[PDB]
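Heads up: the structure comes next, in structure tokens.
Of the protein chains in this complex, one is absent; all others appear in place.
Every chain is named by a letter (A, B, C, D and E) in the order it is written, and numbering of its residues begins at 1.
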């Protein structure tokens, strides 16, 4: 299923994923297309922050769902 | 499989895992026993940092192996 | 551990709390700073209103978290 | 980008550098600050010696990284 | 237009004020009519009490209607926390908020992850604000851990709405007001101080604003009514708005709950008559077409608006 990851700059990422894919794998796929280290990534869906251990199926994240990518990083 | 996780205070976390468990999978078990968020967790074995997306059998981590848990804290 | 509270004036005060504190305790400390009785105090954290009886840890209120104080208008 | 160099005397200095900088480029900056000629310079990062022709990016030298300088004694 | 009854000791104008708003918002009413399924609580069921009141609002020919069926379902549902109890005086915004929550609890399949996906849930599909808070330092890059949550009402301080007014486009006024005391140190303590950012992620078609008051006898009342705007551009209510529908969404002031001396009232725009209306429990009265009259009625009675309700003119009820 193609899921949509939306970033703060406005870029709407599209990824081919399956419900088995853990949030860590979604973060990996994101790194394959943006170069953002998963340790700096935080995913958000329906106001809930998704955990890397859980999987899309655990959140009922159906196809064509839009996810929100917020980055938690340090300075300098 | 029983593997052991050494904290820097000397506490030992015993974990029941499979060779096919990923590192993010192991960090989730550590959170179940300690409440340590996985984003704070860094795991070290044989002088190498363990990558979230790779498995325990990738690093040839066997029974009774000892992993070292180092934490990244923001502080304050 | 310190905590931020957004008062009715729109300003922020700092409260010294521990996570095992009930919110009646947090309400009492707000009363010593802002002078509002706890019965007129509505405390909102992350959308939900803190129901008296729970502790600060039951809402995952860590250090430097900001509570939104709201005057209850019984009518 | 800022990196640290632990010098022959145990003192820590600061190198202003770029990820695309060859380590021979880094060795020249160390010569100007510390006076050690390049052929006598041994740069160790994470237990491994840096070999000429490579850049800081090749070794994942990032900001706040520390290079350990050892003096080469040809005999 | 109808009215609601309060016995001498009933002390129920908090419910009645909120009951009028829900009945008059076209989005909530037209949605609620296409609902024939709910987790009934039996006797302490808010849905069935609510339902019963909406049937009489549409079919009954009486001028004043009873709301005691909702008062008991509210008192029994909240008997463990001693809220909205039978006879006591309570808060109207609290009542308006817990009513929306209790509705969702009746129209949801209790998702384990607590997400709400129900296409028919009015409280989440039309009213709820899904956003997150985050501290972003633009000088050193640092960034705090994002805090996401859902709120049903956006609360803004009165001392801040007025002050920013002293300092057409009152969405920026609300955003500038809501962020007044939100200065924080940089997450990495680089020396810089930043303001907390909130960015909305969905597209609510009804935006309900809460006004935090300083006392039951506020002297800012008159100035607060003078700073209110009728047209609200959703694209400016928050630091950022992700949904494009919200980016171009303009919402009009449609209803409002007011407090005055331990009592509650409700002003509302009946679009079927193009005139603002007034409901003080059982006493109904027409105000006029111009919003200026609502202002004059309010500043003449020292009213304190507690809840402001903005509706998307091009809104839609829930869909199958």
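Definition applied: a residue touches a chain if its C-beta (ideal position, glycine included) is under 8 Å from a C-beta of that chain, and two chains touch if they have at least 3 such contacts.
A.B. asks: Given the full complex, what residues of chain D touch the hidden partner chain?
C.D. replies: Output for chain D: 4, 6-12, 42, 44, 46-49, 51, 64, 66, 68-75.
A.B. asks: Across the whole complex, list the residues on chain E that are touched by the chain not included here.
C.D. replies: Interface residues of chain E facing the absent chain: 188-190.
A.B. asks: What does the interface between chain B and the hidden chain look like in terms of residue numbers?
C.D. replies: Touching the missing chain: residues 6, 8, 42, 44-49, 54, 58-60, 68, 70-76.
FYI, only the chains that are shown with their structure count from here on.
A.B. asks: How many Å are there between the centre of chain A and the centre of chain C, using C-alpha atoms for each centre?
C.D. replies: Centre-to-centre distance between chain A and chain C: 33 Å.
A.B. asks: Enumerate the residues of chain C that touch no fewer than two other chains.
C.D. replies: Residue numbers touching two or more other chains: 64.
A.B. asks: Spell out, as numbers or ranges, the residues of chain A touching 2 or more other chains.
C.D. replies: Only 72, 76 qualify.
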